[PDB]
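Here is how the chains run, residue by residue.
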Amino acid sequence: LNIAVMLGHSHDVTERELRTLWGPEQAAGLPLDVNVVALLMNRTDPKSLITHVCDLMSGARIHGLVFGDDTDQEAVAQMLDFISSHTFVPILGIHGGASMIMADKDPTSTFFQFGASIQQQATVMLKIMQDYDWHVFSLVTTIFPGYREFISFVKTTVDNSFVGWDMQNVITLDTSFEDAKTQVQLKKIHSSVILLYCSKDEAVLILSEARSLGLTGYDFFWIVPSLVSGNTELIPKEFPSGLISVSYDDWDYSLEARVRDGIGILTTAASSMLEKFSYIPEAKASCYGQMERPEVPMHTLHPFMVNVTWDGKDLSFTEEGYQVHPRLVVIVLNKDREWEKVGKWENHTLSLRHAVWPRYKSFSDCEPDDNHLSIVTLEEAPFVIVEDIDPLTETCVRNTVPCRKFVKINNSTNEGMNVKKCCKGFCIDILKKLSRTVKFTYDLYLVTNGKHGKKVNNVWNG
Amino acid sequence: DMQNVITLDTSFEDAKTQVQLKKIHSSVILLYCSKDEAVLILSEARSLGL
Amino acid sequence: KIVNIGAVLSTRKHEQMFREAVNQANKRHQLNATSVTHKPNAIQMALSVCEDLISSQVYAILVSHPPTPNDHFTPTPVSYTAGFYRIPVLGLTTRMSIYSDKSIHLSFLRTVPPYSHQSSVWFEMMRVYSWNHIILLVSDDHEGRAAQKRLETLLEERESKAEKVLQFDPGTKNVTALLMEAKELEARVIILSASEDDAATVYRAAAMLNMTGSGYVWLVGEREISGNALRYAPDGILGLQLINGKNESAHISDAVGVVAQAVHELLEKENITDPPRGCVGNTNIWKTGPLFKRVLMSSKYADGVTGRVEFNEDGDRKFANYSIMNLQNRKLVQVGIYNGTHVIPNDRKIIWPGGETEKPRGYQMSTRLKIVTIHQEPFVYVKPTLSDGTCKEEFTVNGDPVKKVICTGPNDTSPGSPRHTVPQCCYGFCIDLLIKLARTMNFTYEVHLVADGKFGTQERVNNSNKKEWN
Ligand SMILES: *[C@@H]1O[C@H](CO)[C@@H](O)[C@H](O)[C@H]1NC(C)=O
Ligand SMILES: *[C@@H]1O[C@H](CO)[C@@H](O)[C@H](O)[C@H]1NC(C)=O
Ligand SMILES: *[C@@H]1O[C@H](CO)[C@@H](O)[C@H](O)[C@H]1NC(C)=O
Ligand SMILES: *[C@@H]1O[C@H](CO)[C@@H](O)[C@H](O)[C@H]1NC(C)=O
Ligand SMILES: *[C@@H]1O[C@H](CO)[C@@H](O)[C@H](O)[C@H]1NC(C)=O
Ligand SMILES: *[C@@H]1O[C@H](CO)[C@@H](O)[C@H](O)[C@H]1NC(C)=O
Ligand SMILES: *[C@@H]1O[C@H](CO)[C@@H](O)[C@H](O)[C@H]1NC(C)=O
Ligand SMILES: *[C@@H]1O[C@H](CO)[C@@H](O)[C@H](O)[C@H]1NC(C)=O
Ligand SMILES: *[C@@H]1O[C@H](CO)[C@@H](O)[C@H](O)[C@H]1NC(C)=O
Ligand SMILES: *[C@@H]1O[C@H](CO)[C@@H](O)[C@H](O)[C@H]1NC(C)=O
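Just so you know, the sequences run in chain order A, B and C.
Counting in the numbering used here, the first sequence runs from 1 upward without gaps.
Counting in the numbering used here, the second sequence runs from 1 upward without gaps.
Counting in the numbering used here, the third sequence runs from 1 upward without gaps.
Looking at chain A on its own, in the form it has when it is part of the complex:
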């Protein structure tokens, strides 16, 4: 019946009064009427945050809380988790630091976040690799909290996939900037895709050493987690161009949407609890109640949180505590050195924007591509025949080649989408053999403007 929404009023200038007016007055006709108490925090100091949350728990008897700050500090999530565990109030961090997800939360705690766990980042990484036929890669990690979990999850997903990846050496830099074992370990990377996993500060040194070693170029693609691109406004000079990364959606689905989704989630959970339990939950009298030991005789809100539907989208939460359907937009360091979206995580699909890799150029001193070629083809004769990707292990499996066509969207719509297909045949085998012998790389694509070719009005076609 009472929902508290707390911001840091730093990245939210207009939301000082906009949060108060934006409520579920017309969003939905929920069976329980809730009032939104909007607060702005000058600073997210630990003692100050403790006092503010305790006052909000005492005054107005809030049944929940939505927290989002502009601080990049990661301890805010921990503090929020601890407060939720002790005070017994559901707390969600919509933006900033609270966004970051802790590996393990206390079982008593009822803390939920909108971020994406490292498992989801790894799985979208592997989806990116699958959608671009990057089946050879060399995972490398530094000594950072959570590296073991990331490595184990990557190895397990490698071992339990029908795609069949050639996962090579998995290097662990025991000491950054050592330049004794790091160099000899990195020199073994003959692959074309590298899953760097390091801190923002250590990744700069790692990438600089890689450039000073020959691991940066056209044939090398670095896929990188969000924690290395946490601040998209600070791009170090050592970051190579066209470096793939996966993060949350900074651009779309902002505050005006994050806080709406959080309030809707809390209201739906409360409605589900009311449907299951006739009595409404009662907030704790005070956090400073050392003398009286409290409890939760009524069932907590995790089950309600799980099966939650709001405004069409399914904002459910996993049993562990991660969002079932995160945003997880894929970004790439553009040639102008500015992160840009090249795919937004879908329901359960990559939904990549570039059907054919852009082949982004790294630092301006790199050589031009004298081996990569673009080849045009017609899928009419039995020498070149197209075929859809196989259902199991969706890819070009045995003798086919990635082969993109330009299919017009709908029938009358002028929009055209580059779909990736697997085209094979006699000429495709000739091309494969030629590539093997002449030692070049190709980017096959079918022609759209007509047949093999005819001189029309002194302009060549096909």
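Hints are not guaranteed to be accurate.
Pairs of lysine-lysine residues, derived as BS3-like cross-links and limited to a Cα-Cα distance of at most 30 Å, are as follows [unchecked claim]:
#1 B:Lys16 with A:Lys181
#2 A:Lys187 with B:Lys16
#3 C:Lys300 with A:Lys200
#4 B:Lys35 with B:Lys22
#5 A:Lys284 with C:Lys39
#6 A:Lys361 with A:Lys432
#7 C:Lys102 with A:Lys200
#8 A:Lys276 with C:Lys173
#9 B:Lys16 with A:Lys188
#10 A:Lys181 with B:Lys22
#11 B:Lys35 with A:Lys432
#12 A:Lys200 with A:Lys181
#13 C:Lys102 with A:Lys155
#14 A:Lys439 with B:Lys23
#15 A:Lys181 with C:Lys287
#16 B:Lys23 with A:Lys361
#17 B:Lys22 with A:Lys439
#18 C:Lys454 with C:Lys436
#19 C:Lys149 with A:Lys188
#20 C:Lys149 with A:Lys181
#21 C:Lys318 with C:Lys287
#22 A:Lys200 with C:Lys287
Footprint (simulated), chain A over chain B, 3 or more residues, beta carbon under 8 Å [as the list claims (entries may be wrong)]:
#23 7-21
#24 42-49
It should be emphasised that the hints constitute simulated quantities derived from the structure, not laboratory data.
Every residue gets a Cβ at the ideal spot worked out from N, C-alpha and C, and that includes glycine.
Take the given structure of chain A and dock chains B and C with the ligands to it, following the hints.
Using the frame of chain A, we list chains B and C with the ligands on its own:
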């Protein structure tokens, strides 16, 4: 079968020399260098797996 | 030249002892000290910590487990508040593995090994005693998960894997359904990892199932032999204990010496920023905090009371002395001492459960060999049996009898049917070969068909990318 001939004028600690020396997939190498440069080339190759 | 330090202790007497110890450390080689006792309310306790130590601009917080036996009572609020400013806290007598995850606790160095590190000791006990097939009972907590992960990642190096890993739920009083599964295994050595109550429950459940008899060996963690478990533990438990693990005094002295050494090393370095004077109104990471934590995690203190104090990468003490303990006549008895990468036994006798004085290998040969078999025409005929219980007795053309087996399979071959595990009679080529093998291989076969009725390929799991065998 003679292939992947390599000639490096970019020294030994640079990146061009590393990327060019990585191309040697053969098991036999016909090195030709000065005595002073040979030790550096062999040290770079040892730190690379050749 | 004042360098402050903070500490949260269990009682005022320990606070006075800590003040005396820090004074002795200062006299050995300009350094202040403050203390504050624990508080019941975690939120109020953290607020007091924040407003007392942080207002005094401490450099490190010595935190120790309280007298009351409550998990995560002392460290979690102090650890969170200090890690907000990246102030490195020093745990003293908290062995929970949740603090070994630096992702949650950004700065937490402790002078005792976690409960998960006991996994390594198990490997040593498996090395000298030549045990390779083990079963592992683990609770569904972060402690049990961490212990399992450490044991698995240390056993995979030796190209060995646990026979079975059985999970728990933190509070269930009925685990016999899982001990039933534990029965039908060749491995007869159990490695427990659970709390005192869960250890008592599993002891009570295993006592009624005769898992405490001869031929069984139990390896049990430090906290699963103390308290109620010690009352219910069967004779022959190979438990572990820490040397001066509960001794708060030695840990306090060793930790204050290490912190003094680290401070002396740090102040000799380049420009160092003071810790924030006030907890309130400050939201900046102490820039020299990570550097101080790094120098703490690498400082070696070989003159400590509890031996050399070296921290590993995770930020926990390494090379700690573990004392083995065998339960004899409901009384723990010292057996051996493990220091690091080596376990040393003594002249004291080791009586395993059941009173055996040998080194019982837990690899029951069983020789049951439950056998599956698909119904194939020329190899394995399958036919319904008679009402008398056994199938009829056919004969070959040469007058020899035909060997038959009591096949246990599903009658309804139609897909999407309520399969009934009824005993048919199956016989034929493969059955004759099985009879020959059993006669020569000492087999005691229990032939039974497959519910699927298929030879089985690698089929993708429904709505997933994982391979599966049917
Ligand atoms: C709960 O889940 C069921 C199916 O699992 C679904 O039909 C129902 O709509 C869900 N309830 C809410 C409130 O979304
Ligand atoms: C969304 O995903 C769910 C679960 O994977 C699936 O059942 C549903 O059909 C999907 N819907 C669309 C439109 O893709
Ligand atoms: C040393 O710390 C104590 C707190 O126990 C404080 O009262 C005292 O002022 C400090 N010493 C100085 C001279 O700052
Ligand atoms: C629960 O315990 C009873 C007696 O202790 C036992 O008979 C029963 O089998 C147990 N439940 C299961 C699922 O094993
Ligand atoms: C356990 O052993 C006792 C005595 O040896 C016996 O009476 C009992 O039947 C046994 N139970 C099982 C399940 O083997
Ligand atoms: C163990 O504790 C006792 C009293 O608590 C103390 O006298 C003794 O010195 C401690 N052990 C060591 C090695 O310091
Ligand atoms: C462990 O104990 C042995 C003898 O009991 C001793 O020599 C060694 O120094 C001790 N090590 C530590 C770290 O306490
Ligand atoms: C201590 O560990 C060493 C190896 O580090 C080992 O050789 C020795 O047996 C151990 N000493 C004792 C008896 O604790
Ligand atoms: C198979 O046959 C037996 C006896 O002929 C019958 O009792 C049984 O129900 C049958 N199986 C099924 C699944 O009905
Ligand atoms: C194994 O077979 C031999 C036959 O040589 C027999 O003497 C022995 O009793 C058998 N053992 C078992 C356990 O069946």
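Hint by hint, here is what the structure shows:
no., hint, in the structure
1, B:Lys16 with A:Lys181, "21 Å, holds"
2, A:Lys187 with B:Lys16, "13 Å, holds"
3, C:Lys300 with A:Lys200, "29 Å, holds"
4, B:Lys35 with B:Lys22, "22 Å, holds"
5, A:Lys284 with C:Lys39, "19 Å, holds"
6, A:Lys361 with A:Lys432, "26 Å, holds"
7, C:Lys102 with A:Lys200, "16 Å, holds"
8, A:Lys276 with C:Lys173, "27 Å, holds"
9, B:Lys16 with A:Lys188, "16 Å, holds"
10, A:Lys181 with B:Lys22, "18 Å, holds"
11, B:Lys35 with A:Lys432, "43 Å, violated"
12, A:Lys200 with A:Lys181, "21 Å, holds"
13, C:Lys102 with A:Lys155, "22 Å, holds"
14, A:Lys439 with B:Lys23, "12 Å, holds"
15, A:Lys181 with C:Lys287, "28 Å, holds"
16, B:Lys23 with A:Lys361, "21 Å, holds"
17, B:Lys22 with A:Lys439, "16 Å, holds"
18, C:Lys454 with C:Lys436, "25 Å, holds"
19, C:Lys149 with A:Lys188, "28 Å, holds"
20, C:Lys149 with A:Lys181, "27 Å, holds"
21, C:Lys318 with C:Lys287, "27 Å, holds"
22, A:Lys200 with C:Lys287, "16 Å, holds"
23, 7-21, "holds (count 4)"
24, 42-49, "holds (count 3)"
Going down the numbered hints, you'll see the structure goes against just number 11.
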